[PDB]
Amino acid sequence: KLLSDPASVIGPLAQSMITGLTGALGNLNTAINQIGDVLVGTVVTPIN
Amino acid sequence: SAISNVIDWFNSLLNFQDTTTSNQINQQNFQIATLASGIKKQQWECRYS
Numbered sequence: 392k393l394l395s396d397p398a399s400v401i402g403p404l405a406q407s408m409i410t411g412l413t414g415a416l417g418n419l420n421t422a423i424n425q426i427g428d429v430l431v432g433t434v435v436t437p438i439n
Numbered sequence: 440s441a442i443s444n445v446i447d448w449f450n451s452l453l454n455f456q457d458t459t460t461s462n463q464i465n466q467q468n469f470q471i472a473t474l475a476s477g478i479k480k481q482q483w484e485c486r487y488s
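One line per chain: the protein sequences are v and w, in this order.
Be aware that the first sequence starts at 392, since it is given in PDB author numbering, and climbs by one per residue.
Be aware that the second sequence starts at 440, since it is given in PDB author numbering, and climbs by one per residue.
Derived by calculation from the structure, the hints in this document are not laboratory data.
Hints should not be assumed to be uniformly reliable.
Simulated restraints, written as ranges between beta carbons of each label pair [unchecked claim]:
(1) w/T459 / v/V431: 15 to 25 Å
(2) w/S440 / v/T413: 50 to 60 Å
(3) v/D428 / w/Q456: 35 to 45 Å
(4) w/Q456 / v/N424: 19 to 29 Å
(5) w/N468 / v/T413: 58 to 68 Å
(6) w/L452 / v/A415: 29 to 39 Å
(7) v/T421 / w/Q466: 27 to 37 Å
(8) v/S395 / w/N450: 46 to 56 Å
A short list of chain w residues far from chain v (calculated; beta carbon distances all over 10 Å) [claimed, not checked]:
(9) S440
(10) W448
(11) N468
(12) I471
(13) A472
(14) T473
(15) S476
(16) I478
(17) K479
(18) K480
(19) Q481
(20) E484
(21) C485
(22) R486
(23) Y487
Built from N, CA and C at the ideal position, the CB exists for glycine as well.
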C-alpha cells in the first residue's frame with residue numbers, strides 16, 4: 392500500500408518537511424510582493 | 440498588498456492617460472483657434488475685417 396497508494400496510510404504532513412518547498416514559496420511570494428511594491432515606489436533589491 | 444498597490448498604480452496611470460489626452464486635444468484646438476483668429480485690418484485701412 393505504501394508503494395502503490397500512500398494517501399490513506401500516510402497522514403497529513405507539514406510543508407517544511409519537503410526539501411526547498413518553503414524556500415520556493417517564499418521566493419515566489421517575495422517576487423509578487425516586489426512586483427506590487429515597485430509600481431508604487433519603495434525601491435527594493437530585485438530578486439532576479 | 441501587492442495587488443492593491445498594482446490597482447493603485449493602474450488607476451494613477453489611467454488618470455495620467457486621460458489627463459494627457461485631454462491636454463493634447465486642448466492644446467491642438469487652442470493652437471488651431473489662435474491660427475484661425477488673430478490680427479484684423481482696422482477700419483481706415485479697409486472696410487472689411
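Exclusion check [w/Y487 not at the chain v interface, CB over 10 Å]
holds, 60 Å
Tell me if the beta carbons of v/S395 and w/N450 are separated by a distance inside 46 to 56 Å.
Holds, since v/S395 and w/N450 (Cβ atoms, about 54 Å apart) stay within the stated range.
Evaluate the condition: distance from the CB of w/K479 to the nearest CB of chain v exceeds 10 Å.
holds, 53 Å
Evaluate the condition: distance from the CB of w/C485 to the nearest CB of chain v exceeds 10 Å.
holds, 62 Å
Using Cβ atoms and 10 Å as the threshold, tell me whether w/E484 really stays out of contact range of chain v.
holds, 61 Å
Mind verifying the non-interface call on w/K480? Its CB should be farther than 10 Å from each CB in chain v.
holds, 57 Å
Non-interface claim for w/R486, where every Cβ of chain v lies beyond 10 Å:
holds, 64 Å
Taking the minimum C-beta separation from w/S440 to chain v, is that value above 10 Å?
violated, 6 Å
Would you check whether the claim that w/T473 is not at the interface survives, using Cβ distances to chain v and the 10 Å cut-off?
holds, 39 Å
Would the non-interface assignment of w/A472 survive a Cβ cutoff of 10 Å against chain v?
holds, 39 Å
v/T413 and w/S440 - C-beta distance against the hinted 50 to 60 Å:
At 21 Å between Cβs, range violated.
Hint says 35 to 45 Å; check whether the CB-CB distance for v/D428 and w/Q456 agrees.
Taking Cβ atoms as reference, v/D428 and w/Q456 lie about 22 Å apart, which means the hint is violated.
In the structure shown, a violation is registered for the earlier hints numbered 2, 3, 7, 9, 10, in ascending order.
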